[PDB]
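A single chain comes next, written as structure tokens; it is the form solved without adenosine monophosphate.
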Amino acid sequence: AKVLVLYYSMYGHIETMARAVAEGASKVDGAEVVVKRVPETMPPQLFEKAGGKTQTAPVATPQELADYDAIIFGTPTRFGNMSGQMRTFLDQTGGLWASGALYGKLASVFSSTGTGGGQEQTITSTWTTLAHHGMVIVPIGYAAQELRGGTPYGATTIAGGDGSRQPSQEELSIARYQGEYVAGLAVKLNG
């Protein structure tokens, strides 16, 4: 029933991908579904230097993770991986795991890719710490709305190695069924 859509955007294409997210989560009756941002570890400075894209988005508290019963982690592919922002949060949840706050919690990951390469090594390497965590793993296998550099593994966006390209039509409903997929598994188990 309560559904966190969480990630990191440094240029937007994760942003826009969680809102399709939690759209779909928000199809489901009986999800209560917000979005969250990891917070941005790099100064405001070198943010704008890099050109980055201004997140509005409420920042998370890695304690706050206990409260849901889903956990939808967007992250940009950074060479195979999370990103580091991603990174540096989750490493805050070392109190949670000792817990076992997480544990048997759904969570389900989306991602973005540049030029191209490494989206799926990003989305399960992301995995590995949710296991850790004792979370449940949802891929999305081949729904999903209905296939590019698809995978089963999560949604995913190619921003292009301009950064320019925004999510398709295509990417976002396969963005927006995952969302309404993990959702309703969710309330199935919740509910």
Given for the second form:
There are 4 protein chains.
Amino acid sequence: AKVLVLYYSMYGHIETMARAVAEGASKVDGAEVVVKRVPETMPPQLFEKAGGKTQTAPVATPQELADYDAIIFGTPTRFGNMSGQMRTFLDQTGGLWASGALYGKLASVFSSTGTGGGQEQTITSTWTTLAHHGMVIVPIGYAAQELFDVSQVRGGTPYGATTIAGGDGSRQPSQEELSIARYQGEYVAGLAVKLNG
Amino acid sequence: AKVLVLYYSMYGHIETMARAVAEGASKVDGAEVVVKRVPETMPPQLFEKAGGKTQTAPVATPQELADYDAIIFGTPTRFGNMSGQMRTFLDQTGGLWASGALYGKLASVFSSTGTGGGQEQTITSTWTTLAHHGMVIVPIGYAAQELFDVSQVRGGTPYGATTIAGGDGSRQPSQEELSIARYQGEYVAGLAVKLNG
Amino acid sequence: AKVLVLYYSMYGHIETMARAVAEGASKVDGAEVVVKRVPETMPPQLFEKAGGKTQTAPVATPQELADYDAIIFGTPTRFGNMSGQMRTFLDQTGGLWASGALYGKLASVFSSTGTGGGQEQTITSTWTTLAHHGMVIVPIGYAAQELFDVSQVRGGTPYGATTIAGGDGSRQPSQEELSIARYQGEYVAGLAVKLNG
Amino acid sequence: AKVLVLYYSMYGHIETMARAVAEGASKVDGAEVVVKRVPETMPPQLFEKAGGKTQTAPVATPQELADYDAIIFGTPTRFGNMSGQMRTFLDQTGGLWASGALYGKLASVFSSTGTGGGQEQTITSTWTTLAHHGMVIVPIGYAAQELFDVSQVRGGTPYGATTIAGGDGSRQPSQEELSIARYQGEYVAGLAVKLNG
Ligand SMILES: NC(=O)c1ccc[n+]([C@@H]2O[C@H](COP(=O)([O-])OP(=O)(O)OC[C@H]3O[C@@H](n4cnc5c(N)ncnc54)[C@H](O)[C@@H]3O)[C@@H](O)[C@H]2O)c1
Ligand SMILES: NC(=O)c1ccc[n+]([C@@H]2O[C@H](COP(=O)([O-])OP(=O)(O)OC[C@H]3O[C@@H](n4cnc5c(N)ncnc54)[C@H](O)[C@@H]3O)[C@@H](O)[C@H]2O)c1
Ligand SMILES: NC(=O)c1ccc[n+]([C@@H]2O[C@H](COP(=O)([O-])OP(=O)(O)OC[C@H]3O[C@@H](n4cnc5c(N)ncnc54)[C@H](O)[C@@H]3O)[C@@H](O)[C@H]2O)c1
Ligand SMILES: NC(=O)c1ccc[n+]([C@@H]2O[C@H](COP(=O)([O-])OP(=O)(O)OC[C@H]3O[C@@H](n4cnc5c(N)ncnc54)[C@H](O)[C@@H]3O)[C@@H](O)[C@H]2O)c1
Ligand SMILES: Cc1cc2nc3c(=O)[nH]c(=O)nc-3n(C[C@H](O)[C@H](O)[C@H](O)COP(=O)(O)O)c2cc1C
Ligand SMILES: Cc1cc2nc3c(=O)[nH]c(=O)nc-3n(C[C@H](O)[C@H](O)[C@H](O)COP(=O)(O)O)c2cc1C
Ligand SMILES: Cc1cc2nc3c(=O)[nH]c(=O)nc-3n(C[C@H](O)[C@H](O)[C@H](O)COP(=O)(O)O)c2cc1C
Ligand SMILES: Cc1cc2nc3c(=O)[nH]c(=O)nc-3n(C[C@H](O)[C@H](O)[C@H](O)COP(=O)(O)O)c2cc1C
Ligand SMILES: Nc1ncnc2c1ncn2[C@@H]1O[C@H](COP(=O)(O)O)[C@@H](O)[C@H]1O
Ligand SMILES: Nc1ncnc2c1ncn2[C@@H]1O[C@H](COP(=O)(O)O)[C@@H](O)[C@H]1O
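Could you please show the structure of the form solved in complex with adenosine monophosphate, as a counterpart to the form solved without adenosine monophosphate just displayed?
What follows is the whole complex; the chain from before opens it.
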């Protein structure tokens, strides 16, 4: 099976999580894992001025989504929605939609916020789009044990992995957060192999 | 693969839809399909005095959901949520939750409304509960081409089959609506057999 | 203005929060604040066996909702939805709906979960019901400063106050959680007076 | 009270609805109503080559939203979410967020879809972003009695006005749809004047 980890990141938090997801997915022997990013939509000079992080990942086209058996979407929260960059990208998949190109493919979502609020809503509002495409939606439930831990501040929900970046973005993803992100990649990649070989 | 079509119906619209879903699912070679209702929560006298319909499907126990590979949930809308009866039943699946009994099982959802409003929210808000169980969520997308028919008042969304019951319940599910419901059963059953034999 | 704090609680967490909400609302000079609970739906012996907390609050009827200018709804999460008890109660407001009895009234929601997951979804799925009734929906945004604090585990979202009860229910609402709950009561009661006198 | 009707439209359906909303709002004594569009994000050549409609409403700046007492947001659906253009615009309101510039302001939402699917999700998922700003959210409930008309294909939900554009965009908003949209403007404007003068 081919698994795409398709993300948007301004400051690197989602990018770090995406690498944890790909690393989890890679544990699955029949799974070929690819990590790509959506295009930046901001002017490059404003991106740079805002202290945006440069990223090595190749840039995806909307069309190449059809080449995968499973897509794990990563996006920071913008007021409890996916980011304008991710939304802009998915608004270009009308050709794919009209030809049934993602129908029955697997979809899963991870997210990042500054102080936690909106992390659930970002994921489940992304599911809505995946559903219009007839994609099978993969939540993580409570198989990741770190989800039971209330002793430290941490991202992660039954809908998908998440990280808390802090108000100023100074937090890095915790071990527990990355561990849930690895689980998500393992689980979705296992389902992709199970369905598609 | 074993498929449970689990429903709540007061006046029989969801019951008709549940039957159509079961029929679709029964077309799939390898699929064993069962239809059950959740218990009524209203006082019996009040259910009867409001005109509740008597139904021949047996009543489910929470425990027995662990026996299926796929569960297709049918509920009428109560102000854009699942019914109290369905909610109350699901609130008794905490033991299943703690043991991971529904984890990784296929889940799908159909609904009914008086005049259409709330049908999407009913389905997607049901998905949330399915996700806490780690169930794999199956929307229908636009494969059912009746979804493109805007020439007549018609239930059905990319989230799941729906029907429009009328303000007073006098409408019966239309043939287009029943087609989409049969498609949903067949598609979910097909997936269950692919994954489980 | 008359403000109802209408809650469901099994183990007292929502009940403690409801008192914080009423206490906040009481700061508003033109506001008359009442705290009521929805009926338990469980058999009394099973409630007691489960270690359910006895509560002094009077029990509301669905009809008396029409007597208030603002209702602040409190419910524990059941898999990212409101509780079967709250849902059952609201399923009895069809008379109110058909006569426009809650149209333009204010509505706001607070919540409680064991380990945090589903707290946003419980609130926004409750909003859906409030919207069918034409109620004006009151989120809290980020006026409660504790919402910026990521140094300790804590409930509270831009949608409404929340508390983390712990997996076994052994956590009590924190000072920061109760403080956000007080803000919610102040703010909604102030809006109710502003609109209705 | 000042009312902004802020919209995105590609082919003019939401533009027609925005106009109907403004008209309704203009009927309210004391209400100053303004209509603006968010910037186009597509390359101009591609917007034109797809058949985008040229529009006489001026383009909004994020900053100017601080000048209104009520903002009625209009967006077509993109797979059950607001459009990329609207999302991108809202993603530039972070400065407004940090200063509480929209806090406590009235917010309301209308939408458009090709065939109906996603219209509810588009609206409620827009509400989430409004809540992070602390805006007071206004659904329409069932006051617009056309919402009870199941005799004809008809947009509109208790969440907000909607229209059905057809698969190819050839449908124009119907008189019932336009009535509900005018009702929404008038109702939100009435509320703004009650609260703000
Ligand atoms: N918040 C973090 O995770 C984080 C991390 C590192 C640094 N920072 C610092 O925070 C400061 C700014 O805050 P911020 O970036 O969190 O949010 P912000 O909303 O204040 O601003 C980022 C800038 O980019 C613009 N912008 C954001 N999305 C856009 C889009 N889709 N299209 C066009 N313009 C868009 C905004 O209008 C803004 O001017 C920066 O100076 C940066 O160094 C924050
Ligand atoms: N809408 C239909 O499909 C339909 C069909 C036949 C008859 N009717 C009639 O229309 C009238 C009302 O229609 P309706 O039933 O659609 O709406 P409703 O809300 O007015 O009626 C349901 C009745 O049962 C109660 N009820 C509903 N769910 C409950 C729950 N979970 N727990 C406790 N009580 C609950 C309500 O309080 C109410 O008394 C009734 O008199 C009924 O006889 C409607
Ligand atoms: N979770 C907490 O906040 C908390 C607090 C105090 C004590 N406890 C302890 O946890 C144990 C049980 O766990 P639990 O209550 O968290 O969840 P649970 O799901 O395991 O069970 C509570 C019992 O009530 C039933 N139940 C719950 N809602 C119902 C409804 N709407 N209608 C009919 N039956 C319903 C369940 O089926 C179950 O048998 C108890 O023995 C209790 O002492 C938990
Ligand atoms: N649906 C209508 O109201 C309507 C009206 C007139 C013409 N058409 C025609 O139908 C065809 C497709 O219809 P459609 O436009 O509804 O769907 P579509 O998705 O197929 O077409 C939109 C075109 O613009 C692009 N696009 C859309 N949003 C974008 C964004 N935010 N950023 C970058 N690119 C974006 C898409 O990639 C595509 O190339 C077009 O050829 C168009 O001329 C449709
Ligand atoms: C426009 C905008 C909206 C935001 N909305 C929220 C929010 O609703 N909740 C939150 O906790 N953080 C919010 N933030 C913070 C971002 O989600 C955070 O910076 C992001 O998760 C970092 O991920 P990244 O480093 O990969 O870009 C917002 C930031 C911006 C710029
Ligand atoms: C409490 C209550 C809430 C309802 N909420 C809605 C609603 O939000 N939208 C709608 O169109 N119909 C609503 N109705 C109608 C029911 O959804 C409808 O009668 C039901 O779908 C019929 O299905 P059934 O025959 O299977 O019971 C409501 C009815 C009741 C009693
Ligand atoms: C049926 C059921 C479902 C539950 N679902 C969740 C959940 O999704 N997320 C969570 O963190 N806790 C969940 N819990 C924990 C309850 O939300 C928690 O016990 C409640 O918030 C305590 O509030 P109260 O003391 O007022 O009753 C669930 C508990 C039960 C019994
Ligand atoms: C990227 C994309 C996604 C779309 N998603 C949906 C959808 O989920 N449901 C639907 O009925 N129409 C969908 N359509 C149709 C648009 O919602 C419709 O053309 C629009 O509402 C017309 O409004 P406007 O003329 O104001 O642009 C989509 C179109 C595009 C380009
Ligand atoms: N069968 C499994 N194999 C590996 N990890 C699992 C499994 N089930 C749950 N996990 C979780 O996956 C995450 C990563 O752990 P690991 O896969 O051991 O590096 C943790 O949250 C574990 O609790
Ligand atoms: N104008 C205000 N008056 C009182 N409390 C406020 C106000 N604005 C925000 N708050 C918040 O309300 C909560 C309770 O504080 P207090 O009202 O001072 O007991 C805290 O979260 C404060 O940050």
